[PDB]
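There are 4 protein chains.
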Amino acid sequence: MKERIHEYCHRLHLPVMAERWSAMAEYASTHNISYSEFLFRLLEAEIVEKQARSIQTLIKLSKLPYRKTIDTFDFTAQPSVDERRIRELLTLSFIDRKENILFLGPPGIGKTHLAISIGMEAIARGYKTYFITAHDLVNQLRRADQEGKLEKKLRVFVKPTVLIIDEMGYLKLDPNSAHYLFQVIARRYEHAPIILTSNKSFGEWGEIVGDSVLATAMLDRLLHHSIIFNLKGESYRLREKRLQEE
Amino acid sequence: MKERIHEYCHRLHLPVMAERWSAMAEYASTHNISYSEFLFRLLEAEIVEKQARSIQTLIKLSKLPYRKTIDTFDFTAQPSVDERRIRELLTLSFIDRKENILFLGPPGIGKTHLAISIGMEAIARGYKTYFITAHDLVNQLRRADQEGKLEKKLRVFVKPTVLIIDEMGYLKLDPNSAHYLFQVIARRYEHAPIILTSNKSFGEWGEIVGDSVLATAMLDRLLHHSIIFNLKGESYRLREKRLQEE
Amino acid sequence: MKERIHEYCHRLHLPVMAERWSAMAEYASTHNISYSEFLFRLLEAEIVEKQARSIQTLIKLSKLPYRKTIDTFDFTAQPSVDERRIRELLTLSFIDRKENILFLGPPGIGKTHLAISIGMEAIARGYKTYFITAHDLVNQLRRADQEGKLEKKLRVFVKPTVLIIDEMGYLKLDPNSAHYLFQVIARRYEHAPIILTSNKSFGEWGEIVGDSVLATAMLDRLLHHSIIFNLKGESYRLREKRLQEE
Amino acid sequence: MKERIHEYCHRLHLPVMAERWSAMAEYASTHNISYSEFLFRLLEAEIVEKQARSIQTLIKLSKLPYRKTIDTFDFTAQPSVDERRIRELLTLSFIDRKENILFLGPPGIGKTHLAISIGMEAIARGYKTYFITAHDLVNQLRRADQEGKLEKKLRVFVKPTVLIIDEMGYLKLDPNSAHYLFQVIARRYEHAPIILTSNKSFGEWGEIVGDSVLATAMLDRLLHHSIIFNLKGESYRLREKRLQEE
Ligand SMILES: Nc1ncnc2c1ncn2[C@@H]1O[C@H](COP(=O)(O)OP(=O)(O)OP(=O)(O)O)[C@@H](O)[C@H]1O
Ligand SMILES: Nc1ncnc2c1ncn2[C@@H]1O[C@H](COP(=O)(O)OP(=O)(O)OP(=O)(O)O)[C@@H](O)[C@H]1O
Ligand SMILES: Nc1ncnc2c1ncn2[C@@H]1O[C@H](COP(=O)(O)OP(=O)(O)OP(=O)(O)O)[C@@H](O)[C@H]1O
Ligand SMILES: Nc1ncnc2c1ncn2[C@@H]1O[C@H](COP(=O)(O)OP(=O)(O)OP(=O)(O)O)[C@@H](O)[C@H]1O
Ligand SMILES: [Mg+2]
Ligand SMILES: [Mg+2]
Ligand SMILES: [Mg+2]
Ligand SMILES: [Mg+2]
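Residue numbers (the working numbering), protein chains in the order written: chain A, 695 to 940; chain B, 695 to 940; chain C, 695 to 940; chain D, 695 to 940.
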């Protein structure tokens, strides 16, 4: 009969239940427990494992380069940013408010760290997330258009609830491809948030994309409903370098 | 806590477990046997329900017009066929032996009834089964060819473990399309069984397909490893008509 | 030290040597012959295993549906073909002589069986072989041409030393596509032998291709240097069927 | 039988084993040796030869102009650098720590020699290495991008475990292409070490690349995990010139 139980558990797609079937049976035998409570505990454990696996798969599908979280963020080293606003962002209210989040400032101040923290929080709460750099997004859209399948890649970049665009400005974009970025900003306008991190001021975006009018349209769509953070302070990388030296 | 159990059962894709959770819990409380045996009974009931649903889905996907069984076949009305051979067929040994089944004889003698019985038995033991008429098969193959997707339809007609070709001979096949049939008979040769029901003897197949050489090739391929039944006797439809009149 | 031996054997890409290292060492210790002879035996076994793996890979790339050999061929049941000629073919002299091999006769007389025997014999002696049906070859060439990459598939059909074309005559080839076959016959003309199995006489090939001039050109190119076999006798499939019944 | 052994050894891609086959056979015959130990010795010698050839091939693939090592470096002539730190670097702990190595100072003080020594040490221990000058790297990346194959060259520059950038500052980089260099620093950041030699201070990097912001970002990414050596003293080339004159 035990083998039949194992076979049924494996057939109903309950591997962890089969693995822990003996342990839970021993626990129920040693200590008197109602059947309802036993089943509730077993199903809750199975659901916990399923949710953990789902979160891991989501993190795999979001192409996050290095998992980070706000818990490791030292606001003492970055007094230029009000931690209250960051905590408000972590509420994920902007997702329902359809508001983008624009991080700005010098290199190595936590812009990418904060963006990845927000993306990780969104993933934890079940919000589909996708992380990518501006150069990579533009190149992928250009390649998809060259292959006559731009719509598929546009759906790929528009479906995620939270799209993170990292390092918008370090590498100048090819003007002929700049419009691709606009399309995303145009298709996620009042549909989904965009978490965009950059070191360039808005007025310089025309240089980045090589089209002043297109840059102005992109900025109008992106800044219509968004939260703009202008971070400042010394680079954290240099801080760690000095600490190691000292 | 019970609502949590219901939600978990719904999330685990076990609707019947959620539906019958209360009844089984009450039975276990009133009658205490064991936690292991209680879970065994629950999972066995769930497996039975899932198996029934899968069988129904297979029947729906097998394009069987009506559902028959060997139980309803009265061998007293058709003494010309030995029931022993039919029972041997019902063991589905021909599936492993790659043997084809051919039913021949006048109309209304149970050829299609036996073919559908064999198909239903094959579906019962989990073997994929498909049923189609020769005229419809040829027409669908021609239409797929005209639209440049003959390969997809050929895969559809070759995937099933047991393919039943019914009423091959009442309607003469289009000479420009009869070759399509051969292709199927060529692709399933020594790979999957074919259950073909017809009233025309083998020597007459040349008339049906409009090509003596193609007919001979088809017959040699189909009759290599095959069980040929030449049923006889008066039509059963007329027997029922006489019984109703009398 | 033995672990180092295992690691070195794995690094040199000799898995079988590492796996059988213990057995050969035990044999050498129990039975002493010579270091040179021990290494000779080890290397002979390794070469045999490598040759077997290479033959398996070639068969994977040779597209041989079922493996047959001349040993299982019963010339007593097929006296219409002189076994001496088949043995002469087994020498593979036609490969150097640039001579094709054409089999003709009624269905189910061993034509495909002999063609696959020749193909397997060629594969054994390191010759590249590729087996295909005429209809499938024509379909693949047409699809490649429609994709603008016909020459790639043409090379794929031309690269193998021995190309076997089966079922030429049972299905009429598309007149708009039969020329593709001609191209192969043109490209392998006195370049690499072709083993073609068919049931139609040469004069009828026009009906197969729908063009008398094209059929005549194909016949002239194929028969310029070839060995023609005209087999006769009852189909062996029907003989096996009668034996099973009797 | 000896010819068979030689043929098998050559087929199994063991040239040196066959070359020394007679010598090893004579050594085994003259002095009694267990077969296991004899095979261990033979495989060890083959592995040593393979390792030497692999190291030489890696040296050829990595464009090192002249081969040097630490043993040839005279710390007495360059007291400005502590030998202890160089020896610590030779342990290759930075590879596990993802720490870069920057050499700075006047020309001809051994920066290139030390970089080549570290690269050779990395190659010897089996770590993939690559050497190039900054101008050459920038030009190659620009040419690859102009051909629409920037990703392939980026992989080429990122795949090596230890990348050496020699003479970063002697030749000013084209402002339109400086970003290419950043890409490498952007992709090798926290992934693989970089050994960079320069005669320019960090504050002047903006002049080298012609973009203050890009230079600052490159420096922040490079110095996050790095070991910086400020070498001083007279030029070694001038020292040799004076010694030859005197
Ligand atoms: N306040 C901080 N607390 C903890 N880690 C930090 C902080 N600021 C930066 N870091 C770490 O420093 C490194 C660089 O910071 P980060 O990538 O977030 O900066 P950035 O603004 O995105 O930089 P860039 O412009 O170079 O892309 C990362 O490891 C990041 O985790
Ligand atoms: N011996 C029998 N017992 C029970 N039902 C029978 C029997 N013979 C025939 N029938 C029923 O009579 C009807 C006609 O029989 P069936 O369709 O199997 O005959 P057939 O020879 O395949 O017909 P056709 O040539 O018209 O396709 C069906 O309902 C079949 O179930
Ligand atoms: N002489 C024989 N000895 C053994 N088996 C045979 C012999 N002749 C035919 N067979 C078997 O009969 C079956 C059909 O024969 P084969 O595969 O050679 O096809 P074929 O006659 O070339 O077919 P077609 O004319 O349709 O192309 C195969 O199982 C083959 O092994
Ligand atoms: N301490 C030393 N011991 C041995 N050889 C040395 C030493 N210093 C320099 N050399 C040799 O002097 C020549 C030039 O030195 P090297 O290229 O290493 O210096 P550098 O500072 O990188 O030069 P530059 O900036 O002019 O290109 C090379 O042959 C190097 O091997
Ligand atoms: Mg960043
Ligand atoms: Mg019927
Ligand atoms: Mg054949
Ligand atoms: Mg130098």
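The reader is advised that the hints may include incorrect statements.
One copy or two, it doesn't matter: identical chains are merged, so the pair holds either way.
[Said to hold, decoys possible] Straight-line distance between alpha carbons at most 20 Å, and here's what the computed SDA-like set of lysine to any residue pairs gives:
| # | residue 1 | residue 2 |
| --- | --- | --- |
| 1 | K846 | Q834 |
| 2 | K926 | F732 |
| 3 | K846 | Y883 |
| 4 | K926 | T910 |
| 5 | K935 | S895 |
| 6 | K754 | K822 |
| 7 | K935 | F788 |
| 8 | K754 | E815 |
| 9 | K935 | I789 |
| 10 | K792 | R779 |
| 11 | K853 | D830 |
| 12 | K853 | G799 |
Hint data in this document are derived by calculation from the structure and do not stem from the laboratory.
Violated hints, by number in ascending order, as checked against the structure
2, 12
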